[PDB]
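All chains should be modelled from the sequences, with the hints used to inform the complete structure.
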Amino acid sequence: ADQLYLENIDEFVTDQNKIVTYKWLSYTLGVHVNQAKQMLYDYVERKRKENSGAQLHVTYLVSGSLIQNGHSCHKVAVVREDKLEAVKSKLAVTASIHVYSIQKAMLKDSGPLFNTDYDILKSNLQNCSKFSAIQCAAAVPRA
Amino acid sequence: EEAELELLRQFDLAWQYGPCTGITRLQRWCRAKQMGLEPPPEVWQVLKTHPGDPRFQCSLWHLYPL
Amino acid sequence: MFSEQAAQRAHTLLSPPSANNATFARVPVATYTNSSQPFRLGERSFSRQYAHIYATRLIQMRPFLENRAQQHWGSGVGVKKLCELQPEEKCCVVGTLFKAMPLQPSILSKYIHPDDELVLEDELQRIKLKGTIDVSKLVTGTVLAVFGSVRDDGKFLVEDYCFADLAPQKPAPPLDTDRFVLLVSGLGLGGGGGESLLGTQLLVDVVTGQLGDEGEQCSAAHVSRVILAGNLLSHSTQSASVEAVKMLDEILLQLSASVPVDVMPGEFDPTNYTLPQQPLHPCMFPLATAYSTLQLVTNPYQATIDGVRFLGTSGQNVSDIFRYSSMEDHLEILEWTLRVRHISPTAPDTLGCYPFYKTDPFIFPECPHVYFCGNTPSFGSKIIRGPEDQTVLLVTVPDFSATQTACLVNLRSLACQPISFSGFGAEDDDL
Amino acid sequence: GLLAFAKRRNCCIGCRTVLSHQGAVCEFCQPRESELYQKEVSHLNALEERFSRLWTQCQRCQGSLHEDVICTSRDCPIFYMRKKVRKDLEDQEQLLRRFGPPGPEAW
Ligand code: SF4
Ligand SMILES: [Zn+2]
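The listed protein sequences correspond, in order, to chains C, D, B and A. So PDB author numbering is basically just the index in the first sequence, starting at one, shifted up by 1. So PDB author numbering is basically just the index in the second sequence, starting at one, shifted up by 41. According to PDB author numbering, the third sequence holds residues 1 to 108, 124 to 254, 271 to 462 in order. So PDB author numbering is basically just the index in the fourth sequence, starting at one, shifted up by 1000.
Since the hints were made in silico from the structure, they are not lab data. Note that beta-carbon positions come from the ideal geometry of N, C-alpha and C, so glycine has one too. Be careful, since some hints might not be right.
Result set (SDA-like, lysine to any residue): computed pairs, CA atoms no more than 20 angstroms apart in a straight line [claimed, not checked]:
#1 A/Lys1039 with B/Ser254
#2 B/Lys277 with A/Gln1030
#3 C/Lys19 with C/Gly31
#4 C/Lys109 with B/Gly209
#5 C/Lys91 with B/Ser451
#6 C/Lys89 with B/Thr12
#7 D/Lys74 with B/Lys389
#8 B/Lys413 with C/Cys74
#9 A/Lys1084 with B/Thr12
#10 C/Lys131 with B/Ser254
#11 A/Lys1087 with B/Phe46
#12 B/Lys389 with D/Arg96
#13 C/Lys131 with B/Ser45
#14 C/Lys109 with B/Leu212
#15 A/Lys1087 with D/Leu104
From the derived model, a few chain B residues whose C-beta atoms are all more than 10 angstroms from chain C [to be verified]:
#16 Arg26
#17 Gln184
#18 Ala275
#19 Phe341
Chain B residues, not near chain D, derived (Cβ > 10 angstroms throughout) [said to hold, decoys possible]:
#20 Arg48
#21 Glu84
#22 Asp280
What follows is the structure in structure tokens.
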């Protein structure tokens, strides 16, 4: 159960030296999207409670309301591991926190995090609403 | 005939029915009737007792490379 | 509105795995009606001349201006044709402007110049105009009524003048549960960055139901429609375009899976040039035409989405008025366009259109509840009132390639909120 | 004389092979059709832009915006350059109706 995905993540991350988003880890193991975020949080909590000095880097996502000049906007950001709490304190209302990615050796910008999702989409084209939380009804291939 | 060819030439230059040198004659007659400016019921009654003749059912300068 | 409701629950996602995770359903779109039939052109014969359009514009717009000058200057009326004027006598004239500007290019950045004349023109003759009138706020093609007298040098002295105004507006039924509508414009696929790529990915991931907690997934499930408005492929130089339609087909596939989508042609898009732009041909989209949730429309788009009626363009009239006038605020230019009862008054003189001959279709025959624009450089929204009971919400849609901002319109409270997307860049706060 | 007794043989837009039926593409060059539609609509687009710049220039050289143009001035380049774009557009509009319509029109 737990050792299954724990060993799968430990060979995907530290051995093949890859970059694991939640959508890649849900197209590999055939899992729901929210359960995949929970899986990644489980792995990072276990290996950060075990050792505290791993070769492990995280990136999160923060979403929520804001007011700049009167108006109420809705700001959504993919954030690094240092700057989380300041971004959390700038916001007014908080609406979504989960985990986005983990790494071995630190990147410089948000470059390859689009390459990964794009390439795993490229071969998997007959399903994108397969693991989606919203299942509409009138959209079935007809024409 | 020869009196019906001046009534149409008089309908074609009256400015209160429109600026018409690109279209047919009966299309301009029905365009004015829709807006109902005042089309007269005689420039209709010669475009019905004829077939598709190009010297009744055409604007004055439907030659003329303008 | 939206982000208020998105926090209305409990948060589950910083937790170890569970037995179940919640799912939802897309809200039904149980009423829709396209009523943009005067812009869909089936016959398309050229070989006319542009004089049939001005004549029917004047003939249709004349009784509105007579009926407004009566109740705006008193029923002791002095409305008169331009030839029957006597020297130095008080009268009202209804005509068409023509602005005589040099620096406008002929066949062989603003273009307003410190000297340029206005000329009031009717079907038979013209007259010059001076007095108390704005020289640089007005553009060629507006039809208006005016008050004054013929002076001695043949010119005309103007005291005050009035425009046509808003058309009637029937009221809409109120709604039970709030449904939202998302508006995007100008993705710019073909060039324009890599932060735009992650921005487009995060936008489609939010609306399809892949991102965020049960708050975001409950709130994005209520978004009923998606409208993409023009300028889908921003082009760097024509003489590239073949590889971009593949990626646009993939994106429209990933959106046609969950939501209904409406796609409109823009300034650069593979269609014609004249103003009632016809829909895109389906032979450039192999993948996305599998589903019956994708729809392709034209330039001026009308619709009746859940009782609320929409009308919009991809921002070709507003920038054309911006070229040959002095107004800067795009929301103001949109409202001014509403005030003279014409979607695009500068056509045809500096913005090309088809040569119609039966009826000019850019005159408003009714008043829309929402009226949006296209590729404007910044967000803006406003509410305006009519003389009668007429209220209109005005939105300017931003451009996604620079700002990365879209708009949510509520269909029960009738308000508009911006949404912005920003991944982290090459940012290091220790330098 | 002989020019009236035409047959008007259709031709493939890709490789110029005369054939029976009205479809635009050839059976060997059928796949590459989205690129062949992409090509030539950027030509119709540039003919549309040339029609409008010319036929409204006569309205400003004439004086009036509400009445017909009558000027067959043989020393003006404007005359007979405004005559050929009508036929270019007439021809290029009919070549794209080889392809079907992009939607219905009677709804
Ligand atoms: S054809 Fe040439 S000379 Fe004649 S009105 Fe047109 S622009 Fe002027
Ligand atoms: Zn061929």
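Results of checking the hints against the structure:
1. Our distance criterion of 20 angstroms between C-alpha atoms is met by A/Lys1039 and B/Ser254, whose separation comes to about 13 angstroms.
2. Proposed proximity of B/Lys277 and A/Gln1030 is supported: the alpha carbons are some 18 angstroms apart, at most 20 angstroms.
3. Distance hint between C/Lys19 and C/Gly31 is fulfilled; the C-alpha atoms sit about 19 angstroms from each other, no more than 20 angstroms.
4. For the suggested pair C/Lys109 and B/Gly209, the alpha carbons sit about 14 angstroms apart, so the restraint of at most 20 angstroms is met.
5. As the CA atoms of C/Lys91 and B/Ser451 are separated by approximately 15 angstroms, the hinted pair is consistent with the 20 angstroms bound.
6. For the hint linking C/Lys89 to B/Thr12, the alpha-carbon distance of about 18 angstroms falls within 20 angstroms, and the restraint holds.
7. Distance restraint check for D/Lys74 and B/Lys389: the Cα-Cα separation of roughly 11 angstroms lies within the 20 angstroms cut-off, and the hinted pair is therefore satisfied.
8. A hinted pair counts as satisfied when its Cα atoms are at most 20 angstroms apart, and B/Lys413 with C/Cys74 qualifies at roughly 16 angstroms.
9. A hinted pair counts as satisfied when its Cα atoms are at most 20 angstroms apart, and A/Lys1084 with B/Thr12 does not qualify at roughly 70 angstroms.
10. As the CA atoms of C/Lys131 and B/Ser254 are separated by approximately 43 angstroms, the hinted pair breaks the 20 angstroms bound.
11. As the CA atoms of A/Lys1087 and B/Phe46 are separated by approximately 10 angstroms, the hinted pair is consistent with the 20 angstroms bound.
12. Between B/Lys389 and D/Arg96, the direct Cα distance comes to roughly 23 angstroms. Violation of the 20 angstroms bound is thereby established for this hinted pair.
13. Taking the CA atoms of C/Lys131 and B/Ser45, the gap is about 48 angstroms. The hint is violated against a cut of 20 angstroms.
14. With a C-alpha separation of about 17 angstroms, the suggested pair C/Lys109 and B/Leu212 falls inside the 20 angstroms cut-off, and the hint holds.
15. Between the alpha carbons of A/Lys1087 and D/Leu104 the distance comes to roughly 16 angstroms, so the proposed pair stays at or under 20 angstroms and holds.
16. Against chain C, the non-interface label of B/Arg26 is violated: not every CB pair exceeds 10 angstroms, the least being about 4 angstroms.
17. Listed as outside the interface, B/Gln184 is consistent with that label: its C-beta sits roughly 26 angstroms from the nearest C-beta of chain C, beyond the 10 angstroms cut-off.
18. Taking the minimum C-beta to C-beta distance to chain C, about 15 angstroms, the non-interface status of B/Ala275 holds against the 10 angstroms cut.
19. Interface exclusion of B/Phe341 from chain C stands, the closest Cβ pair being 21 angstroms apart, more than 10 angstroms.
20. A cut-off of 10 angstroms between C-beta atoms contradicts the statement that B/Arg48 is not in contact with chain D; the least separation is 4 angstroms.
21. Every CB of chain D is more than 10 angstroms from the CB of B/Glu84 (nearest about 15 angstroms), matching its label as outside the interface.
22. Non-interface call for B/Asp280 relative to chain D: holds, since the shortest CB-CB distance, roughly 41 angstroms, exceeds 10 angstroms.
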